[PDB]
Amino acid sequence: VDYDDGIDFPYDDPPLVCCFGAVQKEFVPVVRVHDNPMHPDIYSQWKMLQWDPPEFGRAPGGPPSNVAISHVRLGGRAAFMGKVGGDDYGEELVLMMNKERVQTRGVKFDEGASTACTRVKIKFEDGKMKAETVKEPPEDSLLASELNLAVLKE
Amino acid sequence: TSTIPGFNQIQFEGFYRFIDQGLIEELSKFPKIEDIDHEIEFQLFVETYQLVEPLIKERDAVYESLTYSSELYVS
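Chains S and A, in that order, give the protein sequences.
Count along the first sequence starting at 1, add 76, and that's the number in the authors' numbering.
Count along the second sequence starting at 1, add 8, and that's the number in the authors' numbering.
Hints are computed from structural coordinates only; laboratory data are not their basis.
Be a bit skeptical, because a hint or two may be false.
Said to hold, decoys possible - One side of the interface only, derived from the structure: several residues of chain S facing chain A at Cβ under 8 Å:
#1 120
#2 121
#3 123
#4 124
Where is the CB? At the ideal position from N, CA and C, for every residue including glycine.
Starting from the given sequences, assemble the full structure and let the hints guide the process.
As structure tokens, then:
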């Protein structure tokens, strides 16, 4: 088993990076309990928690699309490999990628799902409320047959 | 702390302090008043101090050339 592009030119000078996974406009995965809440409603004071922040939150990472954008803006080349919905927000995220000159040939476009929207069934167990995912979002549901092997080659 | 204060807040917090304590503070210094024959006596019961709202609104007071003012009553 092998894959051939039929091209022999040396690609291009800043070598490509492929960023695999999910795209969100901005989204912090790393969350933990912090000691100091500011006021629960006044967002005008949460600056105090971006200048004296939790230590896990001192330099948050985010979606790999953030890394793709930053890498391209730092002068490299990035391809984002992932899936988005056919809805307006998936278009907005692909447009964000394209305007940032992130290469989106591996970005698939599910037509029957709603980008960020995950279906979950709320359940009660041990008297606690719980959720279970009934349908995964597009960005969670890229198949191994939807990989762009030209990107993974480059 | 986190943000540029409201510029009028220095006035606002001053005036509210005047309402929140300066009325009690100054009315508390009102003495008992005694007549010349030492038989009749008058005092304000400062605990009953009551500012009723201005019966005339600002945009009417400015038009009629009046003072926009609350009325202090005491028993």
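A quick look at each hint next to the structure:
no., hint, result
1, 120, "5 Å, holds"
2, 121, "4 Å, holds"
3, 123, "5 Å, holds"
4, 124, "5 Å, holds"
Of the numbered hints given earlier, the model fails none.
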